Structure formats: structure tokens, C-alpha cells
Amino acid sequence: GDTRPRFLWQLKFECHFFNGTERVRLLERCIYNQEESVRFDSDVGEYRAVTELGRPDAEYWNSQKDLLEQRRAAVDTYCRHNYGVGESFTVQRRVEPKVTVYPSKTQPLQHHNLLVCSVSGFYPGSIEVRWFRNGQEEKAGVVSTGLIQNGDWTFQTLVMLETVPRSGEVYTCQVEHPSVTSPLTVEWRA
């Protein structure tokens, strides 16, 4: 069988943006197998070895003025540049969520009704899902499966709510998302 040892090498250039393009940080990092060995942090201004394995590179790369100069200006020429280029179809990409409410197929403890608020197919991932019982927000009993990233520029999540249903009550699921000017609501009539 194939049992040869593997040897990996990753290179990553991370551009972190705060308040749009107001503050930008470039983080160039090298990883041997699962160990980051050396990096260039625009906040630091030069390469810094992360482990002994990277010491030679930090020293050698810092001795190259042209390289350091390029790395030092990349926050503008690289980060802010590519942000301007991709802004229209990434930062501004918006797809409204599909929202539906139905009871869980579970329903363990008898005289109780576990509600499921399904929110899917949306983008970006930033979203707020809240439950309300007759106009007032519910704090306890609420449970989420968390935000699921589908890998296709789409997200989904389920937010359950344990209840003691009483004829006449109106349990509302509220969803606030960048794709809509006003919150989306789906009611469950108990």
C-alpha cells in the first residue's frame, strides 16, 4: 500500500478589512506541515519567525529591501486593490433567506411543543433570528444548531423553541438580515 511520508507547504496572504477599507492588515504566513514557521504582519512591518524552523527565512527575507518594500505597500496595492475589484460581487452580494416554521419531528416531553424556525439559502452569513411569544421576546428555551456554511455562498440554520402551547398564542420567528430593509416574520398559531 501507499505509506510514504507526506511533506506539505502552505502559503497564505490574509487581508483583514475593518470598517470597509478604513483599516487594513496584511498577514503573510508560511506553514510547513501543520506548523506555521514564519510570517509577515503589516502591523509589525517585517518578517518574524514563528518557530525555529522559520528563523532562516525571516532573516533572509528581511535582508531583501525590495521584498520588504513590496510587502509594506501590499496593504494598498494588494489588499485595498482586490477589495475594490471584488466588492460588487462579494461584500455586496445579497440573497434573501427562505423562512419556514413547523414543529419538530422530535417532541420529547409530552405536554410541550418544540418549534423549528428554518432559515436557509441566505447570504451573507450575518443574521439575527429571534423568537417571540405574543409580541415579547423569548430568552429561555431557545436553541440553535448554529450557522452552517454550505460552501456555495449560501448559509442555513435552525433555531428551535421549546413551548407550552396554549390555544390562542402566537409564537413568532423574526429574522433580520442585510438582504431586507425590514425584518421577516413567520408565525405559529397555537
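If you superpose the two forms and keep the largest set of C-alpha atoms that fall within 1.5 Å, you have the rigid core. Positions refer to the first chain, counted from 1. First, how it differs from the form deposited in another entry.
- Compared between the two forms on the core, the listed residues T163, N62, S37, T157 keep their C-alpha shifts below 2 Å, save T163.
- The Cα position of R72 differs by less than 2 Å between the two forms after fitting on the rigid core.
- Shown in the overlay between the two forms, fitted on the rigid core, is a CA shift at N134 of 2 Å or greater.
- With the core superposed, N82 shows a C-alpha displacement below 2 Å between the two forms.
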Second form
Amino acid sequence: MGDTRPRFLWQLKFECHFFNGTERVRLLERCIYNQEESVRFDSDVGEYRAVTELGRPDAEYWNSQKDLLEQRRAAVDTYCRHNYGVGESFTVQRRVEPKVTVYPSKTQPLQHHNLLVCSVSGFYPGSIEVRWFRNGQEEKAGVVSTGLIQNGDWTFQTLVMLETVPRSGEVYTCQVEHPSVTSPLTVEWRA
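We have the form deposited in one PDB entry; now please give the form deposited in another entry.
Here you get just the chain by itself.
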């Protein structure tokens, strides 16, 4: 690196939490000094509260300003529900179909293919179900998931491995359900 001067960080977070669409909305404003949250306003509480002793004077000082408080107490409507309405169509309601592929892999360097991997990628939202079949019969044991990986670009991926050493005549199926499709996507593979 370089320049080891000491650092001083302040973070502000306004968290709008939404449950069942906008049936319940909660604002949590959080003030953080050096990774240490010091003070917050929770709309369910309705005034500032000190999280550590460092934040107390702010709590007291801001709670003393009646017009600032009334603004924050209205923020669930004027800020949270407003912004939910602005972004909903391209965020909450975003649907992108997954790409599915199956390829063989190995648990250890050198030894032969002892896995089938079903890669599910490019999809949004995160809700996905993956099932493995060998000759149309579901494989339950030996199935292992990475779970959900966020790519940083409004897509996810996940890898679902089946422990198996494929033999000729076996047809393996990866089947995938996701909100973007009304029937399951299936991809077949054979050795």
C-alpha cells in the first residue's frame, strides 16, 4: 500500500425496510463512526436513540429539534414509500431468466470426473429451485449447492453438484424453476 496515516470514517445509512410489498414499512437511519454505530432513528421507536455513549449527545441534540423529528417521523411516507414507488418496476419486479448448463467436474486435482455440476446463471431475482434426475428418477443424496452468488450486476448464479461417476446409457437431467418461467427449464446430459 503506502501512507499509513490514521483514518477516520463516518457512514450514514437510511434503510427503508418493506414487508409484503409496502404493507409494513420501517425507516432506520444509522450513523456509524469507524465501524461503530453510535446513534440511530428507528421509525418504530419515533425518536433518536444512542447506540453507544459516543452517540448520546447527538440523540439528545436531534431529539430536541421538534421540526427535524416530525420530518423523520413522516419519512416512511415521503421518502421510503416514495422511493419504493419510483424503483419498483425495475427492482422488486425485475425478472431475468436463468441460463442453465451441465458439465462434469472433479472434487480433486488429477482424479477423474466424479461430479456433475448444474450451473444456473444470469438470473434475477434470487428465488430458484434446482433438482437432479438420473434416467428420470430424482437424485436426492450427494447433492450439494453453493447457494446463491450475487455477481454485483443484478444477476445471480448458483452451482448445484451431483456426486456421480456417469456410465453410458445414463441420461442426467437438471431441472430449474424460477419466477421468470411458468414451466421448469430442463437441460439433459449424458457421458
